[PDB]
Amino acid sequence: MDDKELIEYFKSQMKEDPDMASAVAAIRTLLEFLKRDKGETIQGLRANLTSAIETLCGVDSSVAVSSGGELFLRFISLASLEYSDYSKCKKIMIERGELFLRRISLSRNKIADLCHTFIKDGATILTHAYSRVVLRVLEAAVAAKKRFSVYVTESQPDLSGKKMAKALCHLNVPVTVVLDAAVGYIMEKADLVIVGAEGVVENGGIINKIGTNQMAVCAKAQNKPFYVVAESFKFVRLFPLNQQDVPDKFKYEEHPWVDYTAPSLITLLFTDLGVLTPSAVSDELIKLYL
Amino acid sequence: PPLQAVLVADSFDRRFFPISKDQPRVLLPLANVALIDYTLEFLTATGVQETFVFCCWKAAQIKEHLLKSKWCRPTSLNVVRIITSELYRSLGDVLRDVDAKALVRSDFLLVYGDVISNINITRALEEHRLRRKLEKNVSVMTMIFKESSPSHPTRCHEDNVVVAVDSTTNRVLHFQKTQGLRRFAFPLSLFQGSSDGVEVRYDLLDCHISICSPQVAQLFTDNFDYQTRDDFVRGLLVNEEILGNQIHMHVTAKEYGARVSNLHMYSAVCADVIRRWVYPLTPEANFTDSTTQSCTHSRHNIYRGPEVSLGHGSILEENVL
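Listed in order, the protein sequences are those of chains A and B. For the first sequence, position 283 matches number 283 in the numbering used here, and the numbering has no gaps at all. For the second sequence, position 280 matches number 570 in the numbering used here, and the numbering has no gaps at all.
Fair warning: there could be bad hints in the mix.
Below, simulated EDC-like cross-link-like pairs (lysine to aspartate or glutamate); rule was C-alpha separation at most 16 Å, straight line [to be verified]:
| id | chain 1 | residue 1 | chain 2 | residue 2 |
| --- | --- | --- | --- | --- |
| 1 | A | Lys146 | B | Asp387 |
| 2 | A | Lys163 | A | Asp180 |
| 3 | A | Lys145 | B | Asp486 |
One-sided and incomplete, this derived list gives chain A residues near chain B with beta-carbon spacing under 10 Å [what the hints assert, rightly or not]:
| id | residue |
| --- | --- |
| 4 | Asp121 |
| 5 | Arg147 |
| 6 | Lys163 |
| 7 | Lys166 |
| 8 | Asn172 |
| 9 | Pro174 |
Just so you know, the hints here were simulated from the structure itself, not pulled from any lab data. Using N, Cα and C, we set each Cβ at its ideal position, and we do this for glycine too.
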């Protein structure tokens, strides 16, 4: 797997499952790489994994990929290795990686089962754009016999909120595709706003698609509860103050793909570590990284 | 002394026809809960240690319904005694059966089986015991009433009662119903016998929670034509120079109490239960712990059970169960 296969592999892993996240496929590529590396050096593997993660940072431009790379590098190197000839080391590392992958895979379902208790009957959900986590939590909400209307923005650089509305209209829930510049128009009728984030920074703020900040601020001015539903591998060791303080490799005549929402604009988070206030996101994030 | 109660689980009125020809009116559900459960919950919440259920018509069905309830469990604090006979046919027959069986000991609660209430009677029972210790067994019955305006949909035209009470000692001097009478006649010996004040009361909704004494059963076995409660109080208030036995009264202004007698009381009391006027006895509290009756209380008094599956576009605005 001299990096070319890795890029190719990653792609094969992302196109084989369309309902699969990108960072999960990145961690599956890292686990494949460790599984078939053929290097006997407890350190020889760290440099190879770092090069792999920079090829998975170059191929995928998402924040979650680099976050999952750091979390996979920490979680594989956790137990008391004490290897004689790396054989024990590599086997334990592979075991840890598989355990980590399974935890990630059951994370989303945990998110949905822990989050759908906030949607009241007859509520109006406001949603930014397509993410499998908020779609799963809405399918858990409709699984509990609840009736609610969903206004999904379109998110203009790639009309994916329209794709979310297509995938949610098949769920037989009342959905309305709202133009992206109408989030101040429909905030007065949308009582709560559920948005899936793609990256959670240390203070509790979120890194997301370009229209989240204006949506979150419009939710703060109308006192609407802004809920974020994200996994545990989407945590990041960044601390942006402004919208320019996010790194440029996650951003991209001035068409950014990613904004930042302050933790003061966020009511709750729904991670697999629990329903967290943003100061709990800071505590848990530091603890989790370990 | 332990507090006893006599529950008449068969209203001998011909009112729920033909509703009552299948199940007796005491098994009639207000909101998924039969009336006998409401009455037993009121008796157990007031603090009654032993009741005597007296069931005449369709009594085997009441027996099969009430044995599997909460009040016949051995873990229940309020023990019940299901007493059925196909011979008695009126309330006076129930109390003369009580005197013949010698069931009560001291100051029981005579109540019908279809009364919805949450009245804590221990203050009124303390007042009754004080009057029994002061007058040396002269005060016989303490009728419990509730303050209510005559315009309330609870009190209907067949059951509106007007009382005349000495308000300083809270005893009943005159008692009559207003069925078919626009004017009300009060005798004058009431004022000449007691010149320490007198007050008329039309604001009293009858709860039928008459606290009684073993002298009540003595008076019911002493006089055969006393068929029901109003016959007893009307024969006791017109006869003072014989069988003196003055009747007292208690009025509650902070607790709910009403019994069902027709469809009108049924609708009014059910609307009061759904609108939570009888807290704690609310349909989400599940005072009868039946697994098929638990509900969730949403806004506008909407009570929803499990596995309801509301359809799309279904609008429930207020007071839905």
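Violations among the numbered hints, reported as their numbers in ascending order: 1, 3, 6 and 7
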